[PDB]
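Listed next as structure tokens is one chain, alone, in the form deposited in one PDB entry.
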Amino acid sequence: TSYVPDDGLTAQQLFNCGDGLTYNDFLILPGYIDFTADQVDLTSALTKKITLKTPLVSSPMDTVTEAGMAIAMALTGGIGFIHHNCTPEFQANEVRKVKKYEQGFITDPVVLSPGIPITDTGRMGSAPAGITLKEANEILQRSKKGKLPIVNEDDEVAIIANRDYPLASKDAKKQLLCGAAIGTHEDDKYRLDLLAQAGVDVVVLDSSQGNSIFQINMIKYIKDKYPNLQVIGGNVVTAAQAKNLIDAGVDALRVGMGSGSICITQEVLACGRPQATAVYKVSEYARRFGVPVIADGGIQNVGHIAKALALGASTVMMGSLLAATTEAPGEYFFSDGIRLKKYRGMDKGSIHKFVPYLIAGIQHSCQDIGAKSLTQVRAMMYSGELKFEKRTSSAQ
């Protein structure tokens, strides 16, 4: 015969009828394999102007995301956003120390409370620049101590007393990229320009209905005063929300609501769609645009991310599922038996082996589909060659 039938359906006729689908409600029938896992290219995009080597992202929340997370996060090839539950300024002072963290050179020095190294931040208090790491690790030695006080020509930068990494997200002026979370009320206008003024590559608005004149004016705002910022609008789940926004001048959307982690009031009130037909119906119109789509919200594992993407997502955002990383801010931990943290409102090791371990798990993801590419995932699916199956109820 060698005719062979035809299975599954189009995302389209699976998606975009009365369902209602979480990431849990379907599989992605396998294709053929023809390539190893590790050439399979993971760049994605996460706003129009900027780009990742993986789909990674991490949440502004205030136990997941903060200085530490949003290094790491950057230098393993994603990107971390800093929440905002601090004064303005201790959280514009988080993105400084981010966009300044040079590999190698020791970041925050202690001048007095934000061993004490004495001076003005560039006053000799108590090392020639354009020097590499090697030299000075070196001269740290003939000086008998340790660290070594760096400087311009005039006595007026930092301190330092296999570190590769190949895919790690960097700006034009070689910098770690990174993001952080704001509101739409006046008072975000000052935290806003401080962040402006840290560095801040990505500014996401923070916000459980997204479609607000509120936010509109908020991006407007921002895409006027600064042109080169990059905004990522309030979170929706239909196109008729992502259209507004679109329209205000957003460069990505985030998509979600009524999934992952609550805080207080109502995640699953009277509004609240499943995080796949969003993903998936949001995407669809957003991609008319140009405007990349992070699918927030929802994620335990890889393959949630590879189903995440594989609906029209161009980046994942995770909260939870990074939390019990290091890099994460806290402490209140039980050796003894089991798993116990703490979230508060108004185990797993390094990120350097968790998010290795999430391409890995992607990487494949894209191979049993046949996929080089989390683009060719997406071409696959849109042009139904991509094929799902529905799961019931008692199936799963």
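Positions refer to the first chain, counted from 1. We call the rigid core whatever largest set of C-alpha positions still superposes within 1.5 Å between the two forms. Compared with the form deposited in another entry:
- Comparing C-alpha positions between these two forms after a rigid core fit, one residue in 364, 352, 48, 341 moves 2 angstroms or more. It is 341.
- After superposing the rigid core, the C-alpha of residue 239 moves by less than 2 Å between these two forms.
- Superposition on the rigid core between these two forms places the CA atom of residue 290 less than 2 Å from its counterpart.
- Positional change of residue 270 between these two forms stays under 2 Å at the C-alpha, relative to the superposed core.
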Contents of the next structure:
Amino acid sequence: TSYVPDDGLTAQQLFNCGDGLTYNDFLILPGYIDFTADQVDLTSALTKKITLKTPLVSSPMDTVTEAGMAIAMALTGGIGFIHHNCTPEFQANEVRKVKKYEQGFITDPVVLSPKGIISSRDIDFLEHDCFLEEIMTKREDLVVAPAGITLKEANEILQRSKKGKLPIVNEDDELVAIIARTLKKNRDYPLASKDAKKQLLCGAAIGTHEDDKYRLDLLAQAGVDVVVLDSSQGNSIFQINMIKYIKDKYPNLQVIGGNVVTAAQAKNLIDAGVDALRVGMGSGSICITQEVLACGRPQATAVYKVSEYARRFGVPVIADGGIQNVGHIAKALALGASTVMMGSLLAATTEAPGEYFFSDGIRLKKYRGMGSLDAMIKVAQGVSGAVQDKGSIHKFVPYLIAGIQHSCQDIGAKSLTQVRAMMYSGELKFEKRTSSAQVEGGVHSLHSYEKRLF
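Just the form deposited in one PDB entry so far, so send over the form deposited in another entry.
The following holds one chain only.
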């Protein structure tokens, strides 16, 4: 015979009925492998105009994305969104801080007012004399460098002054930047996500309330590339206006639509004029909306449903919420999502806001939902907590990339663009997983065991 039938379920019959299943409810039948995993191209679109080397994106939460994270993320190939739980000024600062970050050049030099350099030497010896400028008269005659400044002469010249951060200025003695030694052989970031001006990409979230139009402005000034509207149910006249307002004012600016879960919700945003859709309502580890409200939708189905529609307009979808492991990323992407947003899966990370604090013989790192009472009487829709400890976004992300690539390989696709083309064509196959199938899917029948991922 040499036939072999067409066993396997198609996306349609699996996510277009009314059962409402999530990532852990299904699998993806393998295909034919004839290329190595690293040959898999993960290039994907974040918006109608922007494209990242990797589909990963950090969430706009006060415990996940902040300068450091938006930078690492961008450097590793993804992008980040600065949360909006702080006066517009500060949030806007985190943007410019990112938007004008340059290899080797000092991050954002801590500084003080006279109220010249100031090397520890002084601070030590010789009562706290009348202010700093006094206890520190660092003569104009000092080791500084001209605008011809470069990483080359920098470090080297630093040897003469045996210092590790010589200052640089344009012409009007107003520090443009300070080169720094601290790393000893900077790596190369070939996938770095940057804009036209070669600066790293940077996103930012804002509300849809009136007092957010000013906030947006400060961000816009700072060179923000894309902004996402923060809402649990983004299909409101408020967001729609907020959309129009922004698109009009700033034509040259991408706007991602508030969190939606239905094709109907999307229609309004795609019409308002959005550049993408953030799909996901009540899937976040810290989000507890479905339990305290009554509205929401199972992630896997939501991502599939909203993408199949959004695609018909060239509007990328960001699968936000529900990604509890590498696996769930490939899943979300295979269902129509162009990129995926993470929060908890990127909390412990060292680039994330906050500091670690061992608790009960185990590592730790704060992490809560922006809808929690702390982050914010108001009805709490989120919870507060903390997670373990992962490596650094510079090594963690690369691991995610390998997984996603290994996933694509097992399936038979050499790119994410293909994975989607396959599932929409009916070539990509799926299969439901019973509770026992889920149990067998993970670790079982062991007396004890540990786990290390990369």
